[PDB]
Amino acid sequence: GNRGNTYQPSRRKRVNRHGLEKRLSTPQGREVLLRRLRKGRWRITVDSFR
Amino acid sequence: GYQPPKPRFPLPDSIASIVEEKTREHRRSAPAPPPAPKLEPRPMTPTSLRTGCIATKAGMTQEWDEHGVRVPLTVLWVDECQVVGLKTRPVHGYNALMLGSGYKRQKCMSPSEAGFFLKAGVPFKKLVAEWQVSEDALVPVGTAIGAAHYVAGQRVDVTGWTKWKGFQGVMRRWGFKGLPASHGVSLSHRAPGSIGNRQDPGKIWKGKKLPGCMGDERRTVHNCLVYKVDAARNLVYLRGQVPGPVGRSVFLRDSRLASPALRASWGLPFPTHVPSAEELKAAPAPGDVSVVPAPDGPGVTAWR
Amino acid sequence: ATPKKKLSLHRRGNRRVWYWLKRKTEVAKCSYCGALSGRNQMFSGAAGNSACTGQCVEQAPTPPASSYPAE
Amino acid sequence: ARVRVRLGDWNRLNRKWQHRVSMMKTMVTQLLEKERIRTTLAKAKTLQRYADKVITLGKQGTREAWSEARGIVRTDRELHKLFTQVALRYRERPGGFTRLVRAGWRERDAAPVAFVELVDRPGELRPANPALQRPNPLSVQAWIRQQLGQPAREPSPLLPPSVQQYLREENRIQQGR
RNA sequence: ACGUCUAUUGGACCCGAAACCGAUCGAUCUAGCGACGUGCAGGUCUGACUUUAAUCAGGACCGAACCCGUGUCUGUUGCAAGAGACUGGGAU
RNA sequence: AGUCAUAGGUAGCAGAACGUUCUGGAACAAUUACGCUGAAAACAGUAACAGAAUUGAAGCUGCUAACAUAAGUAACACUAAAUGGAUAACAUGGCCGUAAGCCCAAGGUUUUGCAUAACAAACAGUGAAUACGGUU
RNA sequence: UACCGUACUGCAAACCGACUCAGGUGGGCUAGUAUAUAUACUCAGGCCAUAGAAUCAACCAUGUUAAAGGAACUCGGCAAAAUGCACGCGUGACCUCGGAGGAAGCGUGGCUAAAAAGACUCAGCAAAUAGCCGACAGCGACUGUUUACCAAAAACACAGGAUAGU
RNA sequence: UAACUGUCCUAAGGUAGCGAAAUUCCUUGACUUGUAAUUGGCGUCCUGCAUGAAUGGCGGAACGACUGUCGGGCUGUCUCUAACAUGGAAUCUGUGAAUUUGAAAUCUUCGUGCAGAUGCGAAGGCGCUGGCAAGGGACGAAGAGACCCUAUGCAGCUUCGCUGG
RNA sequence: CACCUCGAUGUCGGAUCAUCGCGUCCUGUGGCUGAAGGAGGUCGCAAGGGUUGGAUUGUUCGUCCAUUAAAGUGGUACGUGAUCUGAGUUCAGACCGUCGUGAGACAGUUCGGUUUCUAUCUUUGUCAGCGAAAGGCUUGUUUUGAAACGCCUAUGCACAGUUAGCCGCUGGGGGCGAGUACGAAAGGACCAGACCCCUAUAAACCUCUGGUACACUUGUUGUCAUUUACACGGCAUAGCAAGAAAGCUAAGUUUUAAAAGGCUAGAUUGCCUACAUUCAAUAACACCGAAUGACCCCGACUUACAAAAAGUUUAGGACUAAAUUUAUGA
Ligand SMILES: [Mg+2]
Ligand SMILES: [Mg+2]
Ligand SMILES: [Mg+2]
Ligand SMILES: [Mg+2]
Ligand SMILES: [Mg+2]
Ligand SMILES: [Mg+2]
Ligand SMILES: [Mg+2]
Ligand SMILES: [Mg+2]
Ligand SMILES: [Mg+2]
Ligand SMILES: [Mg+2]
Ligand SMILES: [Mg+2]
Ligand SMILES: [Mg+2]
Ligand SMILES: [Mg+2]
Ligand SMILES: [Mg+2]
Ligand SMILES: [Mg+2]
Ligand SMILES: [Mg+2]
Ligand SMILES: [Mg+2]
Ligand SMILES: [Mg+2]
Ligand SMILES: [Mg+2]
Ligand SMILES: [Mg+2]
Ligand SMILES: [Mg+2]
Ligand SMILES: [Mg+2]
Ligand SMILES: [Mg+2]
Ligand SMILES: [Mg+2]
Ligand SMILES: [Mg+2]
Ligand SMILES: [Mg+2]
Ligand SMILES: [Mg+2]
Ligand SMILES: [Mg+2]
Ligand SMILES: [Mg+2]
Ligand SMILES: [Mg+2]
Ligand SMILES: [Mg+2]
Ligand SMILES: [Mg+2]
Ligand SMILES: [Mg+2]
Ligand SMILES: [Mg+2]
Ligand SMILES: [Mg+2]
Ligand SMILES: [Zn+2]
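Residue numbers (this note's numbering), protein chains in the order written: chain A, 1 to 50; chain B, 51 to 354; chain C, 355 to 425; chain D, 426 to 602.
Keep in mind the hints are simulated off the structure, nothing from the lab.
Be aware that one or more of the hints could be misleading.
[Stated by the list, open to error] Derived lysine-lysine pairs resembling DSSO-like cross-links, with alpha carbons at most 30 Å apart:
| # | chain 1 | residue 1 | chain 2 | residue 2 |
| --- | --- | --- | --- | --- |
| 1 | D | 484 | B | 215 |
| 2 | C | 383 | B | 157 |
| 3 | B | 259 | C | 358 |
| 4 | D | 470 | B | 215 |
| 5 | D | 470 | C | 383 |
| 6 | D | 450 | D | 470 |
| 7 | C | 383 | D | 468 |
| 8 | B | 137 | B | 88 |
| 9 | D | 468 | C | 376 |
| 10 | D | 470 | D | 484 |
| 11 | B | 169 | B | 213 |
| 12 | C | 378 | D | 468 |
| 13 | C | 360 | C | 383 |
| 14 | B | 258 | C | 378 |
| 15 | B | 256 | C | 376 |
| 16 | B | 256 | C | 383 |
| 17 | B | 157 | C | 358 |
| 18 | B | 227 | B | 259 |
| 19 | D | 470 | B | 213 |
| 20 | D | 468 | B | 215 |
| 21 | B | 157 | B | 137 |
Let the sequences and hints guide you as you build the complete structure.
Printed below as a string of structure tokens:
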């Protein structure tokens with residue numbers, strides 16, 4: 001068994017885990033977003049776009 | 051492959067006059083070289099050494115003796131072997147006969163070596179060698195040393211240069227045994243094994259057997275019999291093997307290993323085979339075959 | 355199986371003797387076009403020589419032959 | 426590991442033997458289609474030996490020779506050329522139908538390169554030598570070839586006058602059956 | 001009082017743990033569960049149903065797709081931070 | 001300014017100095033320096049008197065950066081196989097053919113097309129019209 | 001009768017592994033000899049670009065053949081070699097009567113014959129694919145599960161049984 | 001031999017059926033077979049250092065990539081290796097690392113020495129530099145943890161260690 | 001004892017290959033012998049080279065199978081993992097027994113359980129490169145101290161000390177000698193001095209006998225091509241099977257004395273019209289070969305009394321020249 005390939009990509013799972021709405025659904029996710037804002041990150045979440 | 055040769059300080063502080071006069075009176079007072087030997091048949095002194103021969107290996111063949119046993123016979127050929135140079139005890143430090151064999155054209159030889167043959171008055175040989183000989187065995191320059199120098203039943207010591215095989219490992223060069231083919235041995239089936247013995251020796255010995263380019267080595271086969279001599283065609287028929295490939299020249303001599311000084315009652319002509327009636331002999335022309343001698347030996351099938 | 359110290363500039367130069375190339379003692383030069391090559395090799399226009407003017411071969415007359423062209 | 430050069434045998438050319446024979450068949454077909462091809466020295470020497478074997482097989486002109494060449498030689502446009510133009514061209518030549526001229530090294534791998542071409546053709550690079558050399562009957566060679574059993578072996582036209590008196594006959598035509 | 005040297009409290013001459021306590025993020029690797037869907041060539045044996053008949057069962061057998069990794073060899077800054085070859089085990 | 005006495009040192013203790021950056025005393029390098037030496041050392045050759053220190057480095061398997069050594073060494077061996085003066089269109093030969101062919105999905109997100117070097121990415125290209133997949 | 005997808009790649013040089021990584025990656029379609037998607041050659045189609053060039057080093061890896069022997073090698077026949085297939089005969093103990101069992105062991109095979117038969121070959125399961133067999137014990141009833149990266153086992157589980165609580 | 005009786009602390013001193021056995025120190029247990037030769041198996045026997053109905057005792061069919069042994073066949077495992085095939089290696093061209101490294105211009109033996117010296121002493125040797133090979137040394141390199149000891153050391157686990165609602 | 005290495009360093013085995021000492025098992029030998037020579041016991045010298053099988057144990061310990069002349073004991077970090085194994089001494093899983101309240105311990109028995117490293121330089125084997133000269137000739141001579149000529153040796157090349165240094169180094173057994181000298185008698189030698197057989201070890205060779213032989217010959221299966229399912233061709237391990245020559249090789253064939261034999265350097269002596277290109281990229285073919293007054297290579301033809309390595313031949317490549325041969329009787 002060769003390791004190293006733990007990242008199996010999937011857009012549904014990526015948006016459903018680290019998206020905006022699961023971050024906003026819980027209070028501590030909202031303080032995660034708030035300290036992302038206080039640090040000054042250009043990308044707030046993995047699914048943000050314009 | 052030489053040491054740094056000579057500092058050679060030139061200034062002698064004017065003692066050079068004494069050394070130059072000493073050298074002039076030293077060369078002029080040395081004895082005149084002894085006359086040309088001019089050899090006819092001579093007596094057999096027991097402690098007397100004979101010359102050798104440069105013979106060419108021509109391959110191996112099959113013959114059966116009158117008793118009915120097959121003998122492995124190699125055949126050698128004497129390629130116009132002559133005496134080219136001579137060394138003796140008064141003018142040189144030793145007493146030797148210089149032999150030449152084969153032939154080469156003038157354009158195929160170096161000018162430094164062709165000059166030696168042109169001064170000697172002999173044809174251009176392809177191989178030059180020498181043998182230590184006794185005082186009564188000095189045969190003059192230009193004398194042929196053919197197959198008739200040797201006799202049937204004589205034992206000779208043939209010297210040859212082995213076949214080239216290239217670089218080989220210790221399995222066939224030194225005959226070492228390796229490691230088993232299938233018992234867990236990892237990549238070491240033809241390894242030499244242990245070479246040193248740890249910190250206490252701390253080094254590999256100066257005579258260690260390790261893989262190398264074996265081949266072209268001067269190996270001598272001692273005490274081999276002579277089964278047949280063809281004097282007209284210069285062929286000698288040794289029994290057994292001769293080191294070297296076919297076409298390479300080998301050296302022959304009377305066997306000093308079997309040396310009781312009697313030469314085992316072999317009928318050896320001492321200076322060489324001094325030929326009587328050298329006239330009436332043809333040059334390379336429409337000649338034919340001649341007669342040969344052979345030894346017999348007793349009781350090859352004495353019992354079962 | 356590993357160097358124990360660092361090789362010096364003198365020792366490195368001595369070790370690198372096998373890497374050097376021997377100079378060639380002969381060259382075949384075309385007098386016209388100034389080309390240079392070995393004496394056993396064609397170096398005219400059929401081989402690589404963009405400077406060839408054909409003067410390298412000074413005579414080539416062969417008009418007569420007769421055969422069946424297979425068509 | 427078997428010794429091929431140094432013990433006269435075929436080159437290996439870095440290939441398995443079936444690939445090697447197929448590559449030589451392709452190259453001999455290419456050599457007779459375009460009469461001068463350029464390749465590396467080892468393939469060039471192997472091509473020269475194979476060309477001598479194939480050209481002699483075409484020179485026999487027999488049905489078994491045609492059958493053997495049919496598998497050896499691929500094109501079929503050039504099987505005709507080998508059996509007709511090449512056979513008539515070298516009908517009296519005792520071997521040596523091909524010359525080799527070295528041409529330097531190639532850019533991709535610095536391999537030595539040789540030009541291999543058929544001799545005795547319009548467009549060759551050196552004048553050929555005649556395959557036969559008519560003998561003077563007043564010289565030593567002719568008398569050695571009379572005392573010893575040697576044929577005359579003179580240069581000849583394609584149909585000599587020794588068949589002219591048979592072919593002139595109107596009763597030896599059979600009308601073409 | 002200033003200056004210098006010690007002393008105490010502070011991280012207190014500098015660098016270095018294994019740690020302990022909280023509250024963030026992780027079952028896209030992996031373990032279990034849950035919902036929906038899909039797949040299991042070719043044969044062999046046994047039991048049952050119906051037979052003018054294009055049905056079922058066995059944690060059955062041999063064996064591809066597929067899942068796993070027994071032994072040996074290679075590889076050991078390797079092709080690979082666990083792989084390859086040949087034998088293997090399961091395959092309603 | 002002549003006689004005497006002392007001067008081996010680790011841990012440690014004491015005394016005298018050199019150098020770096022900045023500041024106060026109005027301003028000590030606008031137009032440079034460059035006779036190559038001097039001093040016991042630290043060093044000096046662009047003040048001096050005082051003061052404030054993130055003030056002196058071969059020595060912490062220290063950190064960062066650059067450059068060597070091994071060394072033009074190892075490697076460029078899983079496979080079908082290439083040849084003709086071209087990674088050729090043509091010809092010859094070979095390999096897979098339940099794949100090494102074809103159609104999609106997930107994922108990637110322009111990786112896709114054009115010039116016998118070239119000045120070409122700066123330019124192009126994805127069309128729902130069969131009741132195609134989704135959205136329900 | 002709108003909106004979104006439509007290029008290219010998709011067992012891979014374009015995804016997941018730091019790489020142009022020998023690893024991992026789901027579903028579907030398919031021709032002949034022929035007969036199964038196995039095996040050998042081939043159709044449609046695709047490929048022979050990512051180091052090349054010759055040659056006889058030693059040695060290493062992977063194989064072919066080997067006289068006379070044959071486990072004598074070795075901790076241990078480990079590794080190799082060997083049986084390997086369809087039609088017939090046959091076919092032990094022990095046994096939960098199911099099995100052991102394809103037990104063991106011996107015949108018969110391609111090619112021509114509108115056909116009672118034959119030819120010659122050293123060889124006719126002719127090339128490729130398809131079990132080594134038998135006996136004495138030990139442990140575990142069995143099929144399974146187990147330490148991803150040195151242990152797949154006598155360890156775990158299992159149907160069943162006993163006990164205790166409810 | 002101790003079957004039945006005599007004794008002492010004592011919950012009680014281990015049944016038909018087991019045993020040098022996964023487990024028995026003596027050990028090559030005496031016994032038969034096994035081989036020409038057997039300390040590792042098989043079947044008996046008893047002298048159980050340190051066996052035994054729920055730590056389940058007594059064996060069985062079938063099953064096992066489990067373990068120890070015997071026969072047949074088979075063959076380079078071997079006696080004892082040889083030739084050949086493919087691919088590396090070796091030659092050339094092109095691309096092109098890393099481990100390691102106080103500085104090196106680094107000989108041998110004996111002695112000495114932080115106790116095994118390329119470097120110190122005595123004696124001797126050595127034109128110089130490489131390619132291709134073999135690895136005895138450089139206490140080769142690769143991990144500041146293989147094992148032992150220590151810490152005001154940690155961590156998890158256990159218990160008739162201590163304290164807690 | 002704890003002096004040396006815990007910024008971790010293979011030992012308690014054999015497989016291959018070694019070197020040294022002698023406290024000698026044999027072979028070579030001398031004394032005392034309660035010495036019939038044999039066969040023994042010691043004791044004195046001598047380390048040249050020889051000490052083999054395998055069945056059983058993880059055993060280096062040990063036997064006992066039966067052969068030899070014998071089945072030596074040690075230093076070798078009780079030699080030897082940057083050569084090999086890991087069978088046993090370091091773990092991690094599990095079972096059985098002992099001890100323990102238990103986590104656990106056992107040097108008690110068991111089954112299973114990663115051996116990394118591309119050689120810098122120190123050795124060692126072997127194959128190679130570099131280590132220049134021209135000195136003065138008053139030139140022995142010449143004119144138009146410069147130019148070559150003549151000398152001593154300087155390099156190069158060849159043969160190379162009754163010549164340094166170094167390596168290897170010469171093994172045995174049984175017969176014949178001798179049915180023997182001896183010896184009541186059974187029982188049987190010293191001498192190896194030489195001859196005959198074997199067997200090692202070492203060095204070669206392919207002549208024999210075999211093995212292998214992948215562009216050789218024969219037979220054959222499937223399949224794809226095949227306007228003939230005639231011949232030929234591809235693939236299936238060279239598809240398979242059989243038989244082959246060269247070359248290599250051993251299981252084959254020769255030789256293994258005092259000293260023999262090899263390797264490196266070399267006083268000398270002799271010679272010199274020697275800048276080193278081509279014939280295929282690994283001459284190892286080939287320097288003890290050839291380059292056209294050349295059979296060196298390659299091709300062609302013939303050979304079953306070569307199942308193929310020789311013979312003819314300048315056809316092709318090693319270029320080359322004319323006013324008597326595009327040319328050797330190659
Ligand atoms: Mg897998
Ligand atoms: Mg990652
Ligand atoms: Mg390994
Ligand atoms: Mg090879
Ligand atoms: Mg093939
Ligand atoms: Mg104060
Ligand atoms: Mg989560
Ligand atoms: Mg399987
Ligand atoms: Mg099975
Ligand atoms: Mg002082
Ligand atoms: Mg003092
Ligand atoms: Mg100021
Ligand atoms: Mg500081
Ligand atoms: Mg290179
Ligand atoms: Mg091409
Ligand atoms: Mg997509
Ligand atoms: Mg794949
Ligand atoms: Mg990776
Ligand atoms: Mg890949
Ligand atoms: Mg195919
Ligand atoms: Mg390629
Ligand atoms: Mg046999
Ligand atoms: Mg078959
Ligand atoms: Mg099953
Ligand atoms: Mg199972
Ligand atoms: Mg290769
Ligand atoms: Mg010492
Ligand atoms: Mg060397
Ligand atoms: Mg080397
Ligand atoms: Mg404490
Ligand atoms: Mg022969
Ligand atoms: Mg042949
Ligand atoms: Mg094909
Ligand atoms: Mg060989
Ligand atoms: Mg010619
Ligand atoms: Zn030109």
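request  = Of all the hints given earlier, name the ones this structure violates by number, lowest first.
outcome  = 1, 11, 13, 14, 15, 16 and 17
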